[PDB]
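S.K.: What follows is each chain in one-letter form.
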Amino acid sequence: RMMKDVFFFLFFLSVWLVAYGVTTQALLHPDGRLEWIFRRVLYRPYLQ
Amino acid sequence: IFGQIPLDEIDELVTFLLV
Numbered sequence: 865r866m867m868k869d870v871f872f873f874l875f876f877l878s879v880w881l882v883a884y885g886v887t888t889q890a891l892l893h894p896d897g898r899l900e901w902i903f904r905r906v907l908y909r910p911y912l913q
Numbered sequence: 914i915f916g917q918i919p920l921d922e923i924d925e956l957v958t959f960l961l962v
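Here the protein sequences line up with chains A and B, keeping their order.
For the first sequence, the positions run 865 to 894, 896 to 913 when the UniProt record's numbering is used.
For the second sequence, the positions run 914 to 925, 956 to 962 when the UniProt record's numbering is used.
Calculated directly from the structure, the hints in this document are not laboratory data.
Don't be surprised by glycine CBs; every beta carbon is placed ideally from N, CA and C.
Don't take each hint at face value.
[As the list claims (entries may be wrong)] Each pair of labels, with its calculated beta carbon distance range:
no. : chain 1 : residue 1 : chain 2 : residue 2 : range
1   : A       : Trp880    : B       : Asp924    : 20 to 28 Å
2   : B       : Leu956    : A       : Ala890    : 20 to 28 Å
3   : B       : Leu920    : A       : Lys868    : 30 to 38 Å
4   : B       : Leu960    : A       : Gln913    : 13 to 21 Å
[What the hints assert, rightly or not] From the structure, some residues in chain B lie toward chain A, with a derived Cβ separation under 7 Å:
no. : residue
5   : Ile918
6   : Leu920
7   : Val962
Bound-form chain A, shown alone:
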């Protein structure tokens, strides 16, 4: 019963954390390669 709504709630909070990570990534230092930034950004989110 709880997980039913937890799905959407997790979606929203995940989007929010994504935006926070995007802000800090664009603030740290403007990396051409996609995986490098992307994989690193994902790693930062999981890690910090």
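Chain A is fixed; fit chain B onto it per the hints.
M.R.: Just chain B, lined up with the frame of chain A:
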């Protein structure tokens, strides 16, 4: 589980499972 995530050995879905 105790805050030790060695991305050097696991990274060359998962996030959803953790949460």
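S.K.: Now, for every hint given, state plainly whether the structure supports it.
M.R.: Results of checking the hints against the structure:
1. For A/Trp880 and B/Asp924, the Cβ-Cβ distance of about 23 Å falls inside the hinted range of 20 to 28 Å, so the restraint holds.
2. Under the hint 20 to 28 Å, the C-beta atoms of B/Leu956 and A/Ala890, about 25 Å apart, fit the expected range.
3. At about 32 Å, the CB distance of B/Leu920 to A/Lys868 agrees with the hint of 30 to 38 Å.
4. In this structure, B/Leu960 and A/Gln913 meet the distance hint of 13 to 21 Å, their C-beta atoms being roughly 19 Å apart.
5. For B/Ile918, the shortest C-beta to C-beta distance to chain A is roughly 6 Å, which falls under 7 Å, so the interface hint holds.
6. Taking 7 Å as the C-beta cut-off, the interface hint given for B/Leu920 holds, the closest approach to chain A being about 5 Å.
7. Hint status for B/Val962: holds, given a least beta-carbon distance of 6 Å to chain A, under 7 Å.
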